[PDB]
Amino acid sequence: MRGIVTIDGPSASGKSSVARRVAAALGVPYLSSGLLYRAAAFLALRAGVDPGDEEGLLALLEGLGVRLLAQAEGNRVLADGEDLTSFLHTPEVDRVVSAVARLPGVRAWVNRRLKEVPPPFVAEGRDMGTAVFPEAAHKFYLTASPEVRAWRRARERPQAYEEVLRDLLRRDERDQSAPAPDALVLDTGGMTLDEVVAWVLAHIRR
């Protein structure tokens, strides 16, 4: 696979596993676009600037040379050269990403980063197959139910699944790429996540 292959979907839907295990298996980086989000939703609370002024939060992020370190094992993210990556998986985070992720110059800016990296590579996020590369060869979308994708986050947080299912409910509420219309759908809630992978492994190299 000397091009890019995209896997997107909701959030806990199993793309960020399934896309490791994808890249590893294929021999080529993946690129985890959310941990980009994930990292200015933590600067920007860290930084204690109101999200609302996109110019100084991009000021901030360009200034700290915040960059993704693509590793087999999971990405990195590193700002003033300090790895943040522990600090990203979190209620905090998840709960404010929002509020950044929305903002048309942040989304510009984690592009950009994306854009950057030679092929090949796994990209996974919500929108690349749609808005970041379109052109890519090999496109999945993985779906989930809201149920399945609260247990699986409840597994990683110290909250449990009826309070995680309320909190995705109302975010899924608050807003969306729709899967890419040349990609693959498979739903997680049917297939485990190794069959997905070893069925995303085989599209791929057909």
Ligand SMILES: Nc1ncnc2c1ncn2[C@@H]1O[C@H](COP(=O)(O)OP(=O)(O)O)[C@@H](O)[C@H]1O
Second form
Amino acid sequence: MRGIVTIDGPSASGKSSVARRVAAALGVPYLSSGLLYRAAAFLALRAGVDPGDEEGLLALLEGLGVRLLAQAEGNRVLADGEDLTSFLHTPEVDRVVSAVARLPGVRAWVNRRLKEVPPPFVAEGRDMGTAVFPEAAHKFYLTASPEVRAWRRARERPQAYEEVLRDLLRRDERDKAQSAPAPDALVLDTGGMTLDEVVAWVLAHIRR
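What would the structure be for the form solved in complex with ligand ADP, given that what you showed me was the form deposited without ligand ADP?
Lone chain follows.
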């Protein structure tokens, strides 16, 4: 696989886990676009920047030199060379990230970072196969029921299922504009499947 594989989908549909495993099986990096959006949100919070102040936020992001590090075991985001990854997957970041991700300048900043990577790679996000890498040779859209996505996510947050579900429903709703599947994406419902099964299906499709 020498081109680009995109994997898009709503929260907890399985994108990061599948992209990591598929990329490792193909011998290429994977790029988690949401990690950059999460970093943008985390930095704005930490800096006391008003979430509607695009200019100030962009001044900060470019000013700090924020970078995505694609490592096989998982992506990392650095700001001024320092690893912020451990702070990006909190309920707090989950709850405010959509508001920051809606800013045109932030999306343009994230996409510039993604476009700096030479192919091949597998990229996961909301609009990888539509807005960012529409030329991708292999596109996938993962989806599952809100209940199972909330069930999966609750295992990864200091929150119970019902709150996780409420939060997930809201976030996916707030992400609607950037979340439609590419028309040529293979849509897979991952509910009821193991990570291994989804990876196997995706690789089989890629290797058709």
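Numbering follows the first chain given and starts at 1. Superpose the two forms; the largest set of C-alphas matching within 1.5 Å is the rigid core.
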item: Displaced residue between these two forms, judged on C-alpha after the rigid core is fitted, out of 183, 12, 25, 193 (threshold 2 Å or more); value: 193
